[PDB]
Amino acid sequence: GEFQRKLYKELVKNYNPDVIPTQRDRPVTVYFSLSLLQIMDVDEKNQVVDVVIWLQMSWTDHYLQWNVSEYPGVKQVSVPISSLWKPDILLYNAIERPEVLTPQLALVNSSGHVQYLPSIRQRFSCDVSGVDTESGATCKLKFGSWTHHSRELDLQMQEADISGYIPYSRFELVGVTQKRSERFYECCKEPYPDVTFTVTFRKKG
Amino acid sequence: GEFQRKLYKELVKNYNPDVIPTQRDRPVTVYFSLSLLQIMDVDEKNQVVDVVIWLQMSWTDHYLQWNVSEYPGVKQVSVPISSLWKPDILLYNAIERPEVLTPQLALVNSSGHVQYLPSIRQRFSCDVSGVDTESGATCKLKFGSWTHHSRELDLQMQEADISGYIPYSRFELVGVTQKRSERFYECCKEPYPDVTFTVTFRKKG
Amino acid sequence: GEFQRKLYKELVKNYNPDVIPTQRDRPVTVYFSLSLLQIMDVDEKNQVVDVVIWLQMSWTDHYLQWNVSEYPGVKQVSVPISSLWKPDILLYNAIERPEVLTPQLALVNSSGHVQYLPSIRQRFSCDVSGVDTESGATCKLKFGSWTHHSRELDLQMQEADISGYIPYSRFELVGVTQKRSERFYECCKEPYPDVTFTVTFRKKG
Amino acid sequence: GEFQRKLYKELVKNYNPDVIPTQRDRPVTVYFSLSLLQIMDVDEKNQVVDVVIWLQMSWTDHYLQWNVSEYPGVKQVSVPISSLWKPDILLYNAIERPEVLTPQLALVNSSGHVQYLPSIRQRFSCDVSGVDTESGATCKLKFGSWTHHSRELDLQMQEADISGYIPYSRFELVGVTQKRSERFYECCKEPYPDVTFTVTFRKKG
Amino acid sequence: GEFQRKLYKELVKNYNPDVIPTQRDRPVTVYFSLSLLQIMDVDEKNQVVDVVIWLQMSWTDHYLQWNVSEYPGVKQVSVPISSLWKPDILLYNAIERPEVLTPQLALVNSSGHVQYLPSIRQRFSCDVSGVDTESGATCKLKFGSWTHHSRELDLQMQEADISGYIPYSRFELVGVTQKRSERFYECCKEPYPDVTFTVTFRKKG
Ligand SMILES: *[C@@H]1O[C@H](CO)[C@@H](O[C@@H]2O[C@H](CO)[C@@H](O[C@@H]3O[C@H](CO[C@H]4O[C@H](CO)[C@@H](O)[C@H](O)[C@@H]4O)[C@@H](O)[C@H](O[C@H]4O[C@H](CO)[C@@H](O)[C@H](O)[C@@H]4O)[C@@H]3O)[C@H](O)[C@H]2NC(C)=O)[C@H](O)[C@H]1NC(C)=O
Ligand SMILES: *[C@@H]1O[C@H](CO)[C@@H](O[C@@H]2O[C@H](CO)[C@@H](O[C@@H]3O[C@H](CO)[C@@H](O)[C@H](O)[C@@H]3O)[C@H](O)[C@H]2NC(C)=O)[C@H](O)[C@H]1NC(C)=O
Ligand SMILES: *[C@@H]1O[C@H](CO)[C@@H](O[C@@H]2O[C@H](CO)[C@@H](O[C@@H]3O[C@H](CO)[C@@H](O)[C@H](O)[C@@H]3O)[C@H](O)[C@H]2NC(C)=O)[C@H](O)[C@H]1NC(C)=O
Ligand SMILES: *[C@@H]1O[C@H](CO)[C@@H](O[C@@H]2O[C@H](CO)[C@@H](O)[C@H](O)[C@H]2NC(C)=O)[C@H](O)[C@H]1NC(C)=O
Ligand SMILES: *[C@@H]1O[C@H](CO)[C@@H](O[C@@H]2O[C@H](CO)[C@@H](O)[C@H](O)[C@H]2NC(C)=O)[C@H](O)[C@H]1NC(C)=O
Ligand SMILES: O=C(Nc1ccc(Br)cn1)[C@@H]1CCCNC1
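Protein chains in written order, with this note's numbering: chain B, 1 to 205; chain E, 1 to 205; chain Z, 1 to 205; chain H, 1 to 205; chain F, 1 to 205.
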């Protein structure tokens, strides 16, 4: 791509990926969603769950926009996430770092809309004593920004599915639910939005 | 030697390896193939398979071509893959990152034809309940680009091998098959090509 | 952030993050505290404890201050800890490196006050023979600077918590305590401050 | 000291360590040899062997030569292998990456002769069903260049050792042998040299 | 603070940390010593020992000296070891890389005297068949430079400790000893100094 190469040359000018791309008094809105793909194992003694999940993040970076008439054919581009601002979201339940299974790339369109969809292997903390009963075991997965409050980063959920769930795993799903919440912590005087996914599962036999 | 060093100096000028090397409305065609070398282990409880496979990728980068009369004796060069555009292909079944066994190098000829043949240790998801029966257990390995559609990256399969398979492993092969598929998904208005390899194997005793 | 981007450009000028930001004959005061989140496992044979703990560090870097009238709306900024001076604190009991669960980011306000709150998975050495008794097993966690004495880095403790402790872990807490200590060795004429947190716990069965 | 520092400044000028240092129609000859230090474990079920081996590589880089009269006292220098051209040799039997135990440094003399002697922990594939018999189990270790043919990189073996072998390991050696081989495939018109070491060992009980 | 920042700016000028800081025909003398902190585990089948040890290295770098009258108050500085020349010492018995537990920092005074005291978790090879007897099991730990001979790097031992040994480990110490040696080998025409520490220990039950 000749035009793509000219575009990347224009896009890098003055762009600093350590700065959140806010504007006037508008936050950056980040749409967040999840697909549970597989439950791999449960550690009943240490109260741990091992999963593969597919995170889905979307936002708008007003510094990454261009005139599509000026760069013809260049509808959307594939950029390594390392060279963009990325929201600093994390799973509060985790007891190990995430292992990232997908390429570390994001899609960007001409509006400056960004899409980043990492698939991750993750172990996390949960009371799983009921996993071998009819009613099963329920676990929470709280996600949110580490350093940014509502007025800087507006976290917003989108609807999940379980169409990706694996049929041949020895755990079946009894229920899922999701909820956006906004809260105060003692630390900080502003409010912090989180998105929490709840999964009830159990052993098949 | 001397000429190769002058060549690398000319090739780096203006080359950006984060940009796919397309032109007008010609995709980059990537020829993709595979050799299964060994099945290392199977986890019957967690439904996982552990393998060593030898991936074979070939494409053409019109920015990596040179006049062989200007660089005499320089027929082909050995370049670290880190300094080229590389196709963003992945195994959709994987539940861990790949462990790469080979040097991270590619061969490039004077036309700009590129060749990259990584050998990989990889664990992936498969229903292997039938692995201890006469008919055995069948597993799929779906490969494809993470961000690029047909009009940008034309995935094309080539005929695969089991001539390298290991005789002393405790699993025998009952059959293999391979299939290219092209599909439309709700997400995107363009089509996405994948290449899928299917292996049926079973335990010897 | 337009102003944030201008600010980072001014803050990097002459900043060297390998130099401790002392001034005249004032040390850098570092306020240090902790929250115990979970006891994951105990190795009775090897005398090891596995935990998740949330460290809380605060200090002031007089090179990171700015006039808020010059950078309007810029109250506080989110910076990667890699590009600041960071205190060289460690856990003297540790027998493995720390696994850092949180994003490696710190908050900085317009005074130059810095805040860094890593959450960590850590294995460490402790006599845990009494863990299966009524009175239980007591373990110490000694923290302090590796290279800096009191006149350069003034370590100060703050009151630690167990409000985050996990209810479903198979260990219950019998008590906690904390103590700052300042000490001389024959070697060196200056004193060295440490902060030590003590936890008594036991097995629920 | 002073002269070594001046020498490194002159040696880096125009040196590109991604280019093989060939000349006219002379390959780079690489002398390759090995010492088996210890057999650590054998996995009879998965057909794997775990070893520590000491590789010994020597070659000549005509770009790394200097006049010893101009740099007096500077007979040989210790350089990090990362800043030289290194041959792209690998073990074809390996099923995991190598764990390098030694410092990543090479010795260079005033002729431009280079010496690099990494010691490595390595797991590899071998039929070890006979390991518990009188005649024992034989395993091959095939080494060679990944991208370079005979006219570019002349692989040459040298006589190997077992004088370093550990007496207290539970495996004894019944024999070793070594062989250089040169081979054609239909694909490619140039020949490819490998060096293979064969070890027969058995369990002492 | 201000003066330290000016000093680091002057010290980096012309400093190349890949070059050993020798002078005329004076080697760099490196004083080396050790404290055994804990024996963590023993593998009786594979003949391996797991330890934590505290290495103590001191030398003089005549390029890192400054006039204390010119940089008032600047008695000593804390520098990351990555930006200095460091001696290339290793443990010849090791079968895994070292896990470094301490911050990677060294102390430097105005004379150019350097101090670097890494604490390390390390597994190594030893005959430990006698570990369950009255007389116990003896193991050697040979340290020395990988690339430097006596005329460049003069290794010198200093008297070691067991005052830091852990009382609650299930191994007790029966004795320690230490010895500096200098040798010629066929390889090399110059002599090579090593420092070896011997530890006899046994199981308490
Ligand atoms: C960046 O973020 C930091 C992090 O806290 C802020 O720093 C604090 O700022 C506050 C607000 O100005 C300071 O508050 C003052 O603290 C002083 C503390 O010192 C005394 O008290 C304790 C004893 O318990 C000891 O630390 C010390 O030895 C002293 O004895 C007080 O002197 C002040 O009290 C006075 O002010 C109040 C107003 O709040 C008056 O109403 C009272 O009458 C009284 O006169 C006050 O409490 C605090 O010092 C700072 N803390 C730290 C840790 O630095 C920065 O302010 C913030 N950036 C910006 C721009 O605000
Ligand atoms: C860059 O990508 C973004 C994300 O796909 C595009 O934004 C989307 O734009 C469309 C039309 O502008 C929006 O569709 C409308 O949605 C509402 C309901 O949500 C509905 O009432 C309308 O009838 C219509 O369906 C869509 O909401 C919007 N989504 C987001 C998250 O912004 C954008 O158009 C792309 N840019 C270019 C130049 O193609
Ligand atoms: C730089 O280092 C290299 C190390 O290899 C030196 O090269 C080799 O030096 C040896 C010295 O023994 C030469 O050996 C010769 O080999 C025959 C063996 O049949 C022997 O009979 C001769 O008497 C002689 O010793 C060898 O020629 C040479 N390497 C090769 C590939 O031929 C080199 O000398 C060093 N240079 C300097 C200036 O230090
Ligand atoms: C660069 O490599 C390409 C691909 O290997 C070469 O093109 C092939 O050459 C063979 C000759 O045996 C043809 O039959 C194939 O059809 C070609 N393949 C493709 C995919 O085009 C080409 O010859 C090489 N370049 C040079 C200058 O020799
Ligand atoms: C820099 O540090 C070295 C390391 O200790 C100091 O040298 C030692 O100082 C004592 C006390 O005078 C002597 O008895 C030792 O023999 C010295 N040398 C060594 C190699 O241990 C040195 O004095 C310090 N320099 C300054 C200017 O403070
Ligand atoms: O022990 C305290 N804090 C503390 C100490 C260690 C740990 Br772990 C957790 N919390 C006291 C508790 C009562 C109030 N003052 C601090």
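A portion of the hints provided could be inaccurate.
Any copy, or any two copies together, can satisfy a pair, since identical chains are not distinguished.
[To be verified] Taking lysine to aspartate or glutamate pairs in the DMTMM-like style, the calculated list, with each CA pair at most 20 Å apart, reads:
(1) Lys13 with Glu159
(2) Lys203 with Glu99
(3) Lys142 with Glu2
(4) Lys9 with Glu134
(5) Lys86 with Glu2
(6) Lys204 with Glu10
(7) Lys189 with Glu152
(8) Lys179 with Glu44
By construction, these hints were calculated from the structure, which means they are not laboratory data.
Each hint, compared with the structure:
1. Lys13 with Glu159: Classified as neither; 36 Å inside a copy, 45 Å across copies.
2. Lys203 with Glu99: neither (25 Å within a copy, 31 Å between copies)
3. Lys142 with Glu2: neither (43 Å within a copy, 31 Å between copies)
4. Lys9 with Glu134: Neither way: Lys9 and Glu134 sit 59 Å apart in one copy and 59 Å across, limit 20 Å.
5. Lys86 with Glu2: Close across copies (17 Å), not inside one copy (27 Å); limit 20 Å.
6. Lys204 with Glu10: Classified as neither: same-chain Cα gap 56 Å, cross-chain 60 Å, threshold 20 Å.
7. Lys189 with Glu152: Within. Shortest intra-copy distance 13 Å satisfies the 20 Å Cα cut-off; inter-copy 32 Å does not.
8. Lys179 with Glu44: neither (27 Å within a copy, 36 Å between copies)
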